[PDB]
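Have a look at this one.
Apart from one protein chain that is not included, each protein chain of the complex appears where it belongs.
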Amino acid sequence: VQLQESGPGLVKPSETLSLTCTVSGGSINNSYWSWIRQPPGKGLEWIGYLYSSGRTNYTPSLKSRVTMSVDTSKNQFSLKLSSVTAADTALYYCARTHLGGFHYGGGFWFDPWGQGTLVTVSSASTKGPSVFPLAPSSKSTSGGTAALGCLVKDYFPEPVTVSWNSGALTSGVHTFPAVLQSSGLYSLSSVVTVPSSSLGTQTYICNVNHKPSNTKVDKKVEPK
Amino acid sequence: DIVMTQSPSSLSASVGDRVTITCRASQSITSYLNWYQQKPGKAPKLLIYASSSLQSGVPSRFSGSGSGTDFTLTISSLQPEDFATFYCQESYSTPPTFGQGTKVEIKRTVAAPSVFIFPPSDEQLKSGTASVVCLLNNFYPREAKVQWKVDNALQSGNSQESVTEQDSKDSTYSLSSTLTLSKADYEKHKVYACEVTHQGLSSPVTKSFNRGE
Partner (left out) sequence: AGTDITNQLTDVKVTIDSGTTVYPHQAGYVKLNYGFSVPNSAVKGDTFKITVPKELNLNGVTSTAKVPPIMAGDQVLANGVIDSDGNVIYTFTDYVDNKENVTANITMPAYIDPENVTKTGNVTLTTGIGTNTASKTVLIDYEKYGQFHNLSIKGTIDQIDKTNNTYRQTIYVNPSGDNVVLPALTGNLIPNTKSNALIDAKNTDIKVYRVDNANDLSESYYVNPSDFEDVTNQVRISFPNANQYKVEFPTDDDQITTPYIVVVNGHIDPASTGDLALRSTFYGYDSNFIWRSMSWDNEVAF
């Protein structure tokens, strides 16, 4: 059973955040499901549960702003959060909710979880990145290893994902946390260290995806 | 919805060390306590449920114990790949309280940064900006200083940096620093240098290029 959250990554203050959780490799029926969120660099906050029949329970502090619904025919359930402010900027997760029942003498737990989807509450407009090469050279070679990368500059909001060679290259990859520029736009670098000898014989491509702006770029990085 | 106190907020331990993380409930919650592991950039994952039940596929070096008000997560032999923030969660009632978290850092031998530098791309220069990047690869501990110089002029306030999370295999960090200039300014100067200070170096290491050359 796998869960996947989806929905706009940017919402304006005072409007409504809407997310959907899609269940695959199993059925949504005859089970409880929860939404849980996490502001960047902070802890976890449970929002509410839904049973597949449609009954719900929302955390008291959010109840007046929350709606959860289910479409069992589509194997999906949803969250709506109204009157949003910057305080609602967070990673939103869905999770299957298990009850211990008689055997465990009570209790409950969350498993599995979705991947999480970031929602940013802001009046600012989305902007897709420019992608520039960090080309390898003698200035990025040492001890049998060379370094190359991609600079993902001037986007809003977070996040961006970067893969290498469509996910075939994972070893030695470092994708750094973004920095917020004084322009109000983010910038990020992704680097990979490879055998020095491979610069001549292997093609390296960074795959950048900025889902909030629907901007995808595949950039080949060649030696200097 | 019970007040929880998770301790400690962070710890650093060597591979093979025994690690304990504790959770205290403000009233008795019987056996209603779960433990989650959250790796960098990943969702939380259930490790232990109902105080002591191990999730399938989770190594047996992880064990949970306790009842009533006091619960313990034990790692009998810390491994590199265990790097994470761990959270307890009470399940006495909705809304469930999550603990404040414990960041587990792995202590290892000193590793010196390998220092690499990248000039701005011609493509970027065309659009009117220059980004110069300095990379510090695979070092430990985390504390490092980068200093930018342009024709021996110390740069102050025109760079930004970020650091990776501890690597799951070798427990090192990497750091990227970007110096920003306008195209016009970039083309007025020759020597671009980043100077790195770190415990694993005998003295500050400079890595530079000459624009063009």
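Note that the chains take the letters A and B in the order they are written out, and that residue 1 is the start of every chain.
FYI, a residue touches a chain if its C-beta (ideal position, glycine included) is under 8 Å from a C-beta of that chain, and two chains touch if they have at least 3 such contacts.
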Exercise for the section: Mind giving the shown chains that are in contact with the missing chain? Expected result: A, B
Problem - Sole contact to the chain not displayed, among A:1, A:86 or A:99 - result: A:99
Fill in the blank from the handout: Of B:94, B:162 or B:197, the residue touching the omitted chain is B:94
Problem - Interface residues of subunit A (partner: the chain not displayed) - result: 30, 51-53, 55, 57, 99-102, 105-108
Problem - Residues in subunit B touching the chain absent from view - result: 1, 91-94
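We take it that only the chains that are shown with their structure count from here on.
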Fill in the blank from the handout: Averaging C-alpha coordinates per chain, one finds the centres of subunit A and subunit B separated by a number of Å equal to 18
Handout entry: Parts of subunit B lying in touch with subunit A, wherever the complex brings them together
Key = 30-32, 34, 36, 43-46, 49-50, 55, 87, 89, 91-92, 94-96, 98-101, 114, 116-121, 123-124, 127, 131, 133, 135, 137, 160-164, 174-176, 178, 180, 207, 209
Problem - subunit B contact footprint on subunit A (complex, rising order) - result: 43-46, 49, 57, 59-60, 93, 98, 100, 104-116, 130, 132-135, 137, 139-143, 145, 147, 149, 151, 153, 174-179, 181, 187, 189, 191, 193, 224
